[PDB]
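So this first bit is one chain, no partners, the form deposited in one PDB entry, shown in structure tokens.
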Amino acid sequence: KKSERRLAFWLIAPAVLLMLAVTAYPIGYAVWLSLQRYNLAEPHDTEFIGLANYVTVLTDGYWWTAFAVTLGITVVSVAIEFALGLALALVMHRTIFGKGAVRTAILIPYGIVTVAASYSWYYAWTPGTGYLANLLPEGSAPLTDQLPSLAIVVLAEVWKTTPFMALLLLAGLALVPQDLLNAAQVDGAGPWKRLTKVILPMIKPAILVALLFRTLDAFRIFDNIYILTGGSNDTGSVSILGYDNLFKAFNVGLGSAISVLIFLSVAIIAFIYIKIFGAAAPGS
């Protein structure tokens, strides 16, 4: 037909125009801006340097340390989140007592603000004040070290952001008819042999969408490191590096170059997860 299709275009034009006029124009601007020597203190002289604002970022120490830190946090946090969220989903889906209290307890760390969660984890791991650092040996302070500080950031991120992954995995899992498990149980599989040959290959799209969401949302963390470590000890992730280089040095050429490079990193991740491993849309 043509009437209904023209009406579809008329109904879709608002959202599409809005989204790619306030998501693609910022990136076109950031590119045109990274091609320049644009300091925010003296903006009267911004000459055009071809690509010496990407070389300066890609051949500098502070860029690769931040990239390594954010990749480490991403992979470790996403793995622990997947495991623990599969556990939470199987508990919220197959429990005999009140499964309303459990959904409530799981929605509490989903609606809370990341800033308050990070303050809780910051005061918990401070010696003297915190109960979680008052049980370590004497004179430890596991928040002024690099690797322990990173472990604590991973723990904060896992706690805060596992319930959303759990709910997505449950959205996938509640589409497993009980009959299938009853048949696998008659077949002689057992509790673990079926979790790997009946229920896991069934929720492949839910697992893949949850992994994509988690990987990107962990690649774009700013506050669990802002108000918990601050970026000291060479801990700050790539978002904190962009924030620092834009607002503490005023160089917006380098700030927008870092913006473009982060966008390309996220694009490569979300292209791997899509062209490889499948992971189509949930509305497919």
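Think of the rigid core as the biggest set of C-alphas that the two forms share within 1.5 Å after superposition. Residue numbers count along the first chain shown, from 1. Residues that one form lacks are left out of the comparison. What changes on going to the form deposited in another entry:
With the core held fixed between the two forms, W10 has its Cα displaced by at least 2 Å. Once the core is fitted, the segment that moves between the two forms, counting only runs of three or more residues with each CA displaced by at least 2 angstroms, is 1-14 alone.
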Second form
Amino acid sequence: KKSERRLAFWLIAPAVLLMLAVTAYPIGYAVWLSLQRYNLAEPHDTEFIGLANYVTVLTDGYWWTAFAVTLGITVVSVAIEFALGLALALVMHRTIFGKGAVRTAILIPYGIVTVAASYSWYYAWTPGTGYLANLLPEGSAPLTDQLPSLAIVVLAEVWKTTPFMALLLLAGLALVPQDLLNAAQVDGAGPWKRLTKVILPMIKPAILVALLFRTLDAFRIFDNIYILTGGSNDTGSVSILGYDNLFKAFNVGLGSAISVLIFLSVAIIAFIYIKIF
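To complete the pair, please output the form deposited in another entry; the form deposited in one PDB entry was given just before.
Coming up is the bare chain, nothing alongside it.
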């Protein structure tokens, strides 16, 4: 009937008029700002310009560095994230002891604020204040160098983002009926030849959705790198690059250029992932 569709459209109206507005009008204003040049110190020189900002950021030399940094971080974080999340999901499902304690402990880092975790990993790896910096050669300072800092960021990111991967994998892995596993065991499949034959290729959609979400989430990391290294020592990500540019150079042109480029990179990654899902 028409009344049912009217009711559905009325219930849908607020959600969509908020989503589309706050998601599309800002990005449209962003591309329109990128087509111009600004300066937050003098908003009077608003003369129009071409695509000079795009070819400026793309060929400056410091945009591809941040791009490579964030791609390295997202790949070497999503790999570990998937491995550890599968392990933790198998733990949370197949356990004989009190699973309530395990699930509560695993939920604790899921909801914790991403600034307490980062100020924990900052004062752990600090030489003289924490322990993970004393369990090293003296005067190591594993946070004022390029690759040690990338490693600390990857560790914090894995510890923080693993619980939701584990919960998604458990949501997928709790649908596998026990009759399937019993039949696989009766046929001859061992412990591992059951996994990668009846339970791993069976939850394909759960793994794919969780992996896409975790990739597009790790592609935008700002907190860990902001309050763990500060973007200095050339270990700044892409989000930190855009934020630093806009809020310490007051150049809205390059800021919005980098913004649109980040959105386009995320779109390209998502489209490739759906193409080779």
